[PDB]
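Once you have looked at the hints, place chains B and A with the ligands on chain D.
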Amino acid sequence: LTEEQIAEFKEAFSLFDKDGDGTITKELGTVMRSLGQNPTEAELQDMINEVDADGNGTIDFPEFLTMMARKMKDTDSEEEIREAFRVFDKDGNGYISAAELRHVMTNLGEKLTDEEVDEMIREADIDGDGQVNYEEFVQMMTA
Amino acid sequence: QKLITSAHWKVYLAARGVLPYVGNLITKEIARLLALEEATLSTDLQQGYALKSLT
Amino acid sequence: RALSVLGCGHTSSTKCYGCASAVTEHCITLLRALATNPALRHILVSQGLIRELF
Ligand SMILES: [Ca+2]
Ligand SMILES: [Ca+2]
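Protein chains in written order, with the deposited numbering: chain D, 5 to 29, 31 to 148; chain B, 4188 to 4242; chain A, 3857 to 3910.
One chain only, chain D, in its complex shape:
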């Protein structure tokens, strides 16, 4: 991380820090968004859960700095691609199945019709054998 970027991060951090003790208030997610990076509600909620302990006037810059290192605009997500393969595989199938994907889809409020779940799986299956392991999802993420 260049000194220029870290200075910009602290600049915004202080701009949103009303405590004056190098601790933002509510405006932690706002520093996040203003700093170019635009996290989704889920990403933000998750980050707040990370700083749920204390926070709101106890969020130090290093704390926010560690948070953004975990996800510098989500440039490096490989560490959590295998994690999501494990999560998606709720029954630990070991391969991508339509039922668990459809479950995940419905859990996101997306009620994909089997027809769509099907295209999804068909595209996910490189060899089209009905089973999609870590490698196929990793190839999709590289595409």
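It is possible that part of the hints are untrue.
[Stated by the list, open to error] In the EDC-like style, the derived pairs of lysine to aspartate or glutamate whose C-alpha atoms are separated by at most 20 Å in a straight line are:
| hint | chain 1 | residue 1 | chain 2 | residue 2 |
| --- | --- | --- | --- | --- |
| 1 | D | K95 | D | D123 |
| 2 | D | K31 | D | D51 |
| 3 | B | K4197 | D | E15 |
| 4 | D | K95 | D | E141 |
| 5 | A | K3871 | B | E4224 |
| 6 | D | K78 | D | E55 |
| 7 | A | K3871 | B | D4231 |
| 8 | D | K78 | D | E8 |
| 9 | B | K4197 | D | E85 |
| 10 | D | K95 | D | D130 |
| 11 | D | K78 | D | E15 |
| 12 | B | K4197 | D | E12 |
| 13 | D | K95 | D | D119 |
| 14 | D | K95 | D | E85 |
| 15 | D | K76 | D | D94 |
[Unchecked claim] Cβ pair distances, simulated, as ranges:
| hint | chain 1 | residue 1 | chain 2 | residue 2 | range |
| --- | --- | --- | --- | --- | --- |
| 16 | B | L4206 | D | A74 | 27 to 33 Å |
| 17 | B | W4196 | D | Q136 | 46 to 52 Å |
| 18 | A | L3887 | B | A4226 | 29 to 35 Å |
Note that these hints are calculated values from the structure, not bench results. We put the beta carbon where it would ideally sit given N, CA and C, even for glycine.
The following block gives chains B and A with the ligands in isolation, referenced to the frame of chain D:
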């Protein structure tokens, strides 16, 4: 002003450098007013609405 | 000329629809004068004056 009534969005815009921009536009406005005064003395009435609003 | 440069006579305001129409009338009078000369008439036609007037 209605959209930024919360200090949340005021601070967000401040992070984007809105105050420098507003002050820069305020600065331009006063220079334009001096140019107008050096030009014919036209008694405009909304003269300063932009300046007052930026301030 | 210094006093004239400082201030002389009176000028119209900006967005003066009335004076803008007066200047348009002056343009019409000047063009009616110019159009008399055949060469000027051809030049004005080549400019696109007919379509503007229409
Ligand atoms: Ca499974
Ligand atoms: Ca396979």
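A quick look at each hint next to the structure:
Taken as a hint, the D:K95 and D:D123 pair is honoured in the structure, with Cα atoms around 19 Å apart against an allowance of 20 Å. The straight-line distance between the Cα atoms of D:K31 and D:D51 is roughly 14 Å, inside the 20 Å bound, and the hint therefore holds. This hinted pair checks out: B:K4197 and D:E15 have alpha carbons roughly 15 Å apart, not beyond 20 Å. Of the pairs offered as hints, the one joining D:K95 and D:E141 holds, with about 18 Å between alpha carbons and a cut-off of 20 Å not exceeded.
The hinted pair formed by A:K3871 and B:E4224 meets the criterion: a straight-line CA distance of about 19 Å does not exceed 20 Å. Simply put, D:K78 and D:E55 have alpha-carbon atoms about 17 Å apart, close enough for the 20 Å limit, and the pair holds. The hinted pair formed by A:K3871 and B:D4231 meets the criterion: a straight-line CA distance of about 12 Å does not exceed 20 Å. Distance hint between D:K78 and D:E8 is fulfilled; the C-alpha atoms sit about 16 Å from each other, no more than 20 Å.
Our distance criterion of 20 Å between C-alpha atoms is broken by B:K4197 and D:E85, whose separation comes to about 35 Å. Of the supplied pair hints, the one linking D:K95 and D:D130 holds, its CA atoms being roughly 19 Å apart against a limit of 20 Å. With a CA separation close to 18 Å, the supplied pair D:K78 and D:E15 stays within the 20 Å bound. Note on B:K4197 and D:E12: the hinted pairing holds, with a Cα-Cα distance of about 18 Å set against a maximum of 20 Å.
Distance restraint check for D:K95 and D:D119: the Cα-Cα separation of roughly 18 Å lies within the 20 Å cut-off, and the hinted pair is therefore satisfied. Restraint check for D:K95 and D:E85: satisfied, since their Cα atoms lie roughly 15 Å apart, inside the 20 Å limit. Distance hint between D:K76 and D:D94 is unfulfilled; the C-alpha atoms sit about 24 Å from each other, more than 20 Å. Remark: the range hint 27 to 33 Å for B:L4206 to D:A74 is upheld by a beta-carbon distance near 30 Å.
At roughly 49 Å, the beta carbons of B:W4196 and D:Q136 sit within the given window of 46 to 52 Å. Separation of A:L3887 from B:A4226 is about 30 Å and conforms to the stated range, judged on CB atoms against 29 to 35 Å.
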